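Asks: Read off the chains here:
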Amino acid sequence: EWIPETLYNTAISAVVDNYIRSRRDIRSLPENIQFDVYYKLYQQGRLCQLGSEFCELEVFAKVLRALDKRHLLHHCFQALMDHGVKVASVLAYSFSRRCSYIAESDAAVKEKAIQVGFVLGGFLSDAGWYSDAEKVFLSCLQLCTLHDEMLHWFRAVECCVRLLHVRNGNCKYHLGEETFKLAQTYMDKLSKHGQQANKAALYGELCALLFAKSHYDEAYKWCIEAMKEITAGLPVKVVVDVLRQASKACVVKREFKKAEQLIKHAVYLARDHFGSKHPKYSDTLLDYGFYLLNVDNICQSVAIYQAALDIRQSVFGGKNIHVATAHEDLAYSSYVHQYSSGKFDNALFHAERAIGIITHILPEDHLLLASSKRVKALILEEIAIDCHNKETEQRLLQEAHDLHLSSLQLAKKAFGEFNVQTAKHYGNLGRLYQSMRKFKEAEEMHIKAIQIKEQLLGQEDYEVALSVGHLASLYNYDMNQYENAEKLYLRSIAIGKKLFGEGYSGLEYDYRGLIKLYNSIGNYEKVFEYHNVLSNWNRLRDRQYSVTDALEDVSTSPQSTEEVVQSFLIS
Amino acid sequence: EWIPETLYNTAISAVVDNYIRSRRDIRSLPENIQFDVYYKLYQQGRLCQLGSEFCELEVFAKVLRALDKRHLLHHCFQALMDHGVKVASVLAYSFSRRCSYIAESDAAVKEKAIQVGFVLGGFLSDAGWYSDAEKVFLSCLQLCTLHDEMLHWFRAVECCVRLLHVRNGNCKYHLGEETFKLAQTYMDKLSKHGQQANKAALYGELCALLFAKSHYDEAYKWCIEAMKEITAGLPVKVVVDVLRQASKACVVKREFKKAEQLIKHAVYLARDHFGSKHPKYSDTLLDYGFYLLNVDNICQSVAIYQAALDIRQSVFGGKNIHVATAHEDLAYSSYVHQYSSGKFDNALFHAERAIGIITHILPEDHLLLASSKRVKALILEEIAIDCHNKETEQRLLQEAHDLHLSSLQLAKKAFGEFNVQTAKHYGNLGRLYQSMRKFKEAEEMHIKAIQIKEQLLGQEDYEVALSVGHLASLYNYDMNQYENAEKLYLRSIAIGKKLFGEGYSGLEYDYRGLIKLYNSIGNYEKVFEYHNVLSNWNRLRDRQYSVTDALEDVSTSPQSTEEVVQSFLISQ
Amino acid sequence: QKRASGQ
Amino acid sequence: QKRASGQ
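Protein chains in written order, with PDB author numbering: chain K, 7 to 577; chain B, 7 to 578; chain F, -5 to 1; chain P, -5 to 1.
It is possible that some hints are incorrect.
Stated by the list, open to error - The list that follows gives simulated cross-link-like pairs (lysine-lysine, DSS-like), each with its CA atoms no further than 27 Å apart:
#1 F:-4 - B:349
#2 K:92 - K:68
#3 F:-4 - B:446
#4 F:-4 - B:522
#5 B:396 - F:-4
Claimed, not checked - So the derived list for chain B, only partly shown, Cβ under 10 Å to chain K, looks like this:
#6 74
#7 76
#8 535
#9 540
#10 541
#11 542
#12 544
#13 549
#14 551
None of these hints come from the bench; they were simulated from the model. Beta carbons: idealized from backbone N, C-alpha and C, even for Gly.
Chain K extracted, bound-state conformation:
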């Protein structure tokens, strides 16, 4: 149609083409214009002319007030970080140095810089630079501690709710508890002095910290406490933040009726306000796909991580931890979904991507690098079985052995010996030893895996049953201890149908194993007794398979706020 360009979009391209002469005068332009000049520099690809200005804190304070075009700033910021220049670490250090100089000032200048820190530290934390956002908040925190009145106590607890969030994406859990304890010190002081603070966002972080350390018993306790303080006056960003973390603790609690209403309300609440492109919406989808994968709704769990990844791949550039986290979970979901098929080439690409990103931006001994490392190892051991080349079978299976042990060490260093995540690596390493023909070694890993999970989770739980089936296949298919395997298969059968029914698609490896269990010990009557149940499993799975996609399952306005909270709280 050949429509001419607006005079604005023409004057933008004429001051950018004359940027060297006009760099001094551009910084004096209004915020809406100034960001559009800088975004034009990114569009032209002149990142050096741009990162020379974002490294200054004052300019990055001006381009942080453009809230409409923040989604363009994240892609412009992430492009700088991959370009070279450490624009995140320079901004965080340049703020801490400037923040440390106004300690001997009044409460007007200090509140000006604290608000800069809350939008800068609120941006680096949003872009994934948790190790660099914490340095901003730790400087904002020490501004609130200087003045000990009722006014600044509400900001010190506003830093500690954010410090507790940048210390979980950075997997610094052992500092998280000390942060929460310091928050209560600034909460009890404020609450006692005739001013009650909303303790809803802060307890939501503990619903993810204690979830991360596999304290699901403690996670659900703070899940209830978080939602008891949900008020309609809270920001939607805070409210959707509590819901997604509350869902993750409820799903791992293996109760799914209360879990769906929390996260489907969260996805709706993060889609009507934030829209289908804001990273927070994709953040909710990532936790929504956690619900789908644990309820055996694996078919549409891949489609919700792919949606979650595609949002983050557009807002958060190439090499970002948030993109890498989506690559990790999508690789795991594609691993689970296509486990039966045995084809892992898209899943391997996603798992390899999540390591090519995290190893670039995180140290070699980071906990989040360990969880993303186990997913490649799970994929590698299946390729090391499906491939028919013995040389490839041995070497690829050995590579997956170094990844689990490296992943186990990082989990064992921070989560301790007695945790589900540490035991989750024992079970994965147990399955690997089964494929490595080390059936003697595979016995003691699963025994240590079940004993840790049984002691912590309980005698009957979904995670315990899924670990037993790993041991049951060991005692049945390649160790010939059918008497020992007889109770193990039955143990997982009861738990498997306890929370999913007979149509649980994971029972295929449980029912078929029972058929091979009875094939070598006689009693062929029970072979047909389990043979029709496998057909019953076939009938009860494909009939319920036909269901609409979860993206439209939430639809438009399914329920209302302050109603899902009350419905969940009373139950």
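Fit chains B, F and P to the known structure of chain K by using the hints.
Replies: Here is chains B, F and P on its own, set in the frame of chain K:
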């Protein structure tokens, strides 16, 4: 385990092996033993010392009294009929002769003869030999006209209602109206004598007749009347027949809501009282498969017909009218189901089976032979499309043409020009002409069929939608008359969304036709519009497409008697 | 298959 | 495939 045989099953073997020297004394045995000797004879395969005894009316009366083992009697009878002996015609002729002889007697002998005729005619009509059942029921009716007592009037009504069932299955429709007039004459002279008799079965038979004759409005009115006259005191067979015929009439009335309830109640009530082997359950399954096929639920209909064939295949031996009808209906259902796939390996076998049976037992010019022929012809043109040969393709097109034209002649002679079946033959012939590259003749036939159906079924019907879709496919792909094809496709999709919503399977074909239509005329805006519409259609079809296994959809006790009929009546 | 199912 | 989905 080697369980020793019962003394009953040992004495049976010791009597059958002596059958030559003891057949005189077997005929005086108890009724429950006599059928066991004869079933042992059938099991031994000696179908000549058995058909030598079933050809008597007196012996076959005792065998008919064993109402428990009646599936075995049906299998034995069908084995005899295929064996070569004509037990159906011999029994009917013998009963007519004895009836005409004992017509001049008292009421006790006449009552015994009429009851023997009712059980024998019920058996022959149940086995399929409708032409050989009139000769029994006409004799029973002749017995019922001699006296003027109350029971004689009521049993004349029973003769006239059973005699209508053996003529709709024989496609003697021109005599069915006379039979109904006689039955309503008897009912009126019964009402004038202060004793009302139930008329649910009679009006159900009228419903079956007028649905067969494609009088859809009359069929709906008469099934309404039947279900208004149905009570709780009626036998199970009458209630099941009324329900299934009302369901068959409701579906062609394009009312698929109440028809679902009626057919589900019929299938449940048949499978509860009769079982999974009684042929009445097979007939209900056949009607339910018709209902499923005519609500675009082909994947369940073909599964139901496969069941409905199996009951009829087991109970009714080999070459039978009912087995042939199940083969024909299943072949059409499999033809629709595998139309998209294009492969027809069992559909052709089943369609040829229904002609391999009917040609043996029915005359050359019988309507059941027509419809079955039509189905095979349809499959033939599909094998014309898939085959890459040219001489074979032309020969198969000519064979399908002969089958379609003979079927059209039979339907046109027995139904007249202005009926839905004749127009369906016109439409099938037009589709074949479209395959035969005779596009002028194809559009002529399609225009005639659309005019006939629109004049009868109105401007909106599923069959009219199918016809206009076929004509649109002819126009937009062969004759290149895109302006007519556009409005024809719009009419087809309008009727499809009116009846079945957006889940209609023909929406795929008509949307692809519209896509190529707009591509040929160059308007790419609507090309992309209907491309996204077809993407939405495929998405909604794939989202809602699951195996249901409608056999257990009735479950156990879904509804209650005298409740589905009340809902159907008050839902008008 | 260029056209809908047969009648 | 006999060990089900890896945890």
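Asks: Which hint numbers doesn't this structure obey?
Replies: Violated hints: 6, 7, 8, 9, 10, 11, 12; rest satisfied.
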